[PDB]
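Heads up, the chain below is alone and in the form deposited in one PDB entry; it's given as structure tokens.
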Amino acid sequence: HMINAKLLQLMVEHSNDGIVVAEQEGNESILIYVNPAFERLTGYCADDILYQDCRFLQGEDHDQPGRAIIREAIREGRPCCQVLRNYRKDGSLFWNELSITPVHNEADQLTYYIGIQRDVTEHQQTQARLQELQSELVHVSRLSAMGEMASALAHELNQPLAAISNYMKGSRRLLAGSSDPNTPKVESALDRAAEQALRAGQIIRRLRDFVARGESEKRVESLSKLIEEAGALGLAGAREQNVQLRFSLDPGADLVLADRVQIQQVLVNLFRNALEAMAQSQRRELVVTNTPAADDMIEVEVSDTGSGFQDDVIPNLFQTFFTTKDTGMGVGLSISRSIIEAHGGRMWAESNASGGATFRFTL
């Protein structure tokens, strides 16, 4: 061999990843060796748990498919890597990434197993949390798309329906002083037309209020937390695009009264727009900063080095459906501005000195 066996055992004993060695006895794989790393990870003392099967790490959490795959791989005589939910001495849960390798010891005419085990609890937590944030943000983004669609369509349609109603009113005023035998039939037809216009407006508001229904809650929220959550969702691709991230956060100006999912979605949209504007940019730098502002408010600034704003673009940004992308919708900024203004702040934009875009809002 290449190493003195004492050195190998020493390395195993002081390794940080849990290492155990077990002996096949019937339908039990009794532990015969554990290292102090495993004692730490499990909170169990070797003298207590030796020469038993490690199923008690599951405890009362019997039914998970990791158990089944591991058991059948053991019978089949094949290594297997899985993840399991294990409980420590004090009952606390952790996720355990486990590799079992079965080995046939010829000299003893026996089967042994070697198990390497890592604590993937923190990673599993953050991944599940991001899954939750992703699903909730998807639902809120489709909701806001529907809402701004209805609002813009209603506003654009308001003028023709009002013109029709006024025309019917004026025509009835003109025909009031008439003797033509058809005049009553005309009056009935025009009255029914006006009622149709009224019902069209009613249908507009019916759909508008059926989709835009939702709790307009406001709670104390940490800006650091929601900025990190929004970066986690929206700024995934920053590394591959070589985007420089800077979070300049102020702990004294960190708690605001807001609906966290709505500010999350405004920031996610800003981050996506900034990353897109810096796809062909030589300098790719994103700065997020919070500062105190007047009226006991807090101002958030997001600056990039992207393609920025053409001269006429800035005053159109917040209008619904204004877009510079061939496949863009132009609803993100309009919804964002309405959300910021509904929360008691004002959202607005400006060009920065680097040729990119800076967005600010207050809460």
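Positions refer to the first chain, counted from 1. Definition used throughout: the rigid core is the maximal C-alpha set that superposes within 1.5 Å between two forms. First, how it differs from the form deposited in another entry.
Shift analysis on the rigid core between these two forms singles out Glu187 from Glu136, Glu187, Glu285, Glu97 (C-alpha displacement of 2 Å or more). The Cα shift for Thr323 between these two forms, taken after rigid core superposition, is smaller than 2 angstroms. Relative to the superposed rigid core, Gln24 undergoes a CA displacement of at least 2 Å between these two forms. Once the cores line up, the CA of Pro251 ends up less than 2 angstroms apart between these two forms.
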Second form
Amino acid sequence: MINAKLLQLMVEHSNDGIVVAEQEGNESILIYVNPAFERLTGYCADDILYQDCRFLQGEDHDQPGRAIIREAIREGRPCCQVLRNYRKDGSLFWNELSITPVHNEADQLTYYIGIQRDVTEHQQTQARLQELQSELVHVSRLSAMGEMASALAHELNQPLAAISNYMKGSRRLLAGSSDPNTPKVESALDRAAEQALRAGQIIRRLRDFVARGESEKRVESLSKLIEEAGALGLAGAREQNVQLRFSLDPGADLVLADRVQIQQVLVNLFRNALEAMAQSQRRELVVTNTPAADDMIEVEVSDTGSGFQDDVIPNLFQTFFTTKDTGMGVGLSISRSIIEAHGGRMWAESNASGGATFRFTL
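Mind pulling up the form deposited in another entry next to the form deposited in one PDB entry we just looked at?
Left out here are the partners and the other molecules; the chain alone remains.
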């Protein structure tokens, strides 16, 4: 096979944590650890040997991985779990633990071999991603409701005002009369007019119910929010072989923006480019920042997608104009309103590759 002592050496000098324990009733006493386990746990070998690892949980006793591992050890099946542990210094970390029970026949004794890895970075990144998910969902819901309400307010402000004007006109016409049915009819109009007024107020009410979304701005790094937005919006990039190119300038990264609003602008651009790029020979998405003019900096996002026929391009930012069967046509309108609220100007043009290049300034 392999020189056993060399195997001991290789196990001792590994970077991943390796432990050997022995079964004693309800205890799993440690009989061997490697220096990687020392650096990971922050304890010395002589302090911890011939105890059970339960102490690594500290005061955090009620974790399900504990019961899962207890049952797996009882039944004798190997298992993989994640637990919350604390080192000697008291710092928290997450431990990926893979236990394999083995029955040594030479001793007729049950032992366990445990592989441990420090997965704190992975869990932290997962938490950041889920936080991004929650806030992206919330602000997308807000922007959708707001644009729907504003469009309804306009499209109903026209006929409602028309109705009120017809009421005023008919009343003015009937005022020049003395017939018996005129008063009654007149009163009737008033009732209708009364209701009419309410409708308008109601609209504004619901309108101001959707406009209570906060409009703050803060100093934000463009690099960070570009990475967060790529992490969110670029699901299909791996599967659809999308070539990413970030042409960034480190001296011009900080803009005054709400990071979630810029995230949703970029998310919308990414979703649109990947959806458009379903049938494209070249699949390359480039994001670039450049100085543009008058102390403002321009961000460009270019794709090689299906592009726009000539009749479509000047209708892009209009609310509810859509090309996709499953679209809604509010993404670009909301994005443009966000960019303009930030003091910039956003526009689009066809690219030489037959796809599309979008630009905005901050």
